[PDB]
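Beneath this line is the structure, given in structure tokens, with notes to follow.
Excluded from the complex is one protein chain; the other protein chains are retained at their positions.
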Amino acid sequence: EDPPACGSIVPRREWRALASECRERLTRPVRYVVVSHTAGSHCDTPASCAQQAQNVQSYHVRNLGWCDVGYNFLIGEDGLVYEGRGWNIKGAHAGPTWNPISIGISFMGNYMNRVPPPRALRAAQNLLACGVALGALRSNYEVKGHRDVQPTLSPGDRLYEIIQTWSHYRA
Amino acid sequence: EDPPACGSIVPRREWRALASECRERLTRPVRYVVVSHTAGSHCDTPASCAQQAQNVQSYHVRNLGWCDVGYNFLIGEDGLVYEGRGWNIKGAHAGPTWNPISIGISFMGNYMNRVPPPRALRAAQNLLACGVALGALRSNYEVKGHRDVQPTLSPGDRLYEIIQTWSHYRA
Amino acid sequence: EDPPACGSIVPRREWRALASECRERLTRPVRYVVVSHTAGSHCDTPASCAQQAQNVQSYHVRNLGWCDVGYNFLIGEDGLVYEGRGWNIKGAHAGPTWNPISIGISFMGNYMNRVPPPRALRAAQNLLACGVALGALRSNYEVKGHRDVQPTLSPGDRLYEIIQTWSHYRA
Partner (left out) sequence: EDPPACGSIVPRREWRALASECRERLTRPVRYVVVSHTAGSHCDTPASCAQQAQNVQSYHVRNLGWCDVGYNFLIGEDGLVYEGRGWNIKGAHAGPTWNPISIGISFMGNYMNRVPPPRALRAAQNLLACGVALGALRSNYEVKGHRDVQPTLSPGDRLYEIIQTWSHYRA
């Protein structure tokens, strides 16, 4: 297996995820990381956030027909990172141009009129940091916002502002 | 001189901790980690676990007259690591012959008849990987139960038999 | 993909190896590889080398009471590789710290004053490429000399000199 490490990720089974059915693999090492917000309900507790990860994947699978939840990872306001498709399966979160080359991470909540908690922001930079040590993320990765790659109000005005402060951020 | 990738930790200020007055330092890199429990109330949300961290620091400072919360780090059932004395300052968890040469991390609860949740064990484990990365812990660090070094039930029968299965455990 | 394409290993039965009794397992992909030497005599032909794998095993099972020969794999100077405990079973070749997290491979002979023949060094390097192909070793695994983790002269001055050269050597 993988003795409980990296960025404290809540595994798929722990948030009661329907089994993935995706097979498109992503080209390690990855250059881009796109940050989006789900624009759904936000939660703060491990209990409420697992239920939300479940709810997001369910909308992507039962309704949109996708092979699994779109994002490679979801960040809850509880400060935990939720495993979506992982570092190896091409996501689906920023269109055909970016899905095969960037890793998508999504903040659960609407951040148009709100900001995620520091802990959520920590879990997120931390998550990327742990990407690098695995080979999934190339040490000198670039971070784009959803707006920057596709006409979307995502990840929200207030969260978008913060994303720009980040070091690895490109234009 | 390696200061990158590693874990997220709720910092002192975020859990509204009274300032530390401790000043004696540990010698890097530390060889031992001693795991304990607080035999106190458990908490399963970021807000409830901050209150709890606070109640532990409180009792150690206001009642036992220590310079700060006794432990170097505490773990919450919410899956987050709470900062205590940190990697560099000598804790006050395991007696006078062990405090000078070890990091003491304590799970917040009474583990005698319950096990902490996977997210807790996961956080505790990343934390240790981090200490190694930062160079605060020897690469071949050794994990010990509180009871292995002091006469006590800490960290509780259940959590005790769990940590015995840890890669770094050495009776 | 690229169908396996590795493995010219003389199996247990081919060298007559007493049945193994060991049951404890390694978890793949393994990260470390420890190179040792038998310090005993060498062999330079198939029945000759097959004779030693049997002696070496006899010494570990009969004289020390172990469940099987210590190494995961032995390297004869006939240029063949001999199945030891293999890729999945915990060896006994480099102490309680490294045995559970490494594959021990030992050159049959004593390389303090001499080197193993090119054939032998190829058999060894090729064996490792194989381990990676099978997912039994981390693509970025590390090669340590026995003396780098245990107090011994193993694997002999000259051979130690050679492995320090290997791509995956990390002292």
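Letters A, B and C mark the chains in the order given here, with residues in each chain numbered from 1 onward.
As a working rule, contacts are C-beta pairs under 8 Å (C-beta built on N, C-alpha and C of every residue); 3 or more make two chains touch, one makes a residue touch a chain.
For the chain left out of this panel, the touching residue among B:16, B:25, B:31 or B:62 is B:31.
Among B:67, B:101 or B:162, only B:101 touches the chain that is left out of the view. Residue-level contact of subunit C with the missing chain is found at 39, 59-60, 63-64, 70, 93, 95-96, 148-153. Counting the whole complex, the residues of subunit B in touch with the unshown chain are 31, 97, 101, 138-140, 149, 170.
The criterion applied here is as follows: only the chains that are shown with their structure count from here on.
Centre to centre, using the average C-alpha position, subunit A and subunit C are separated by 42 Å. Annotation: 29 Å between the Cα-based centres of subunit A and subunit B.
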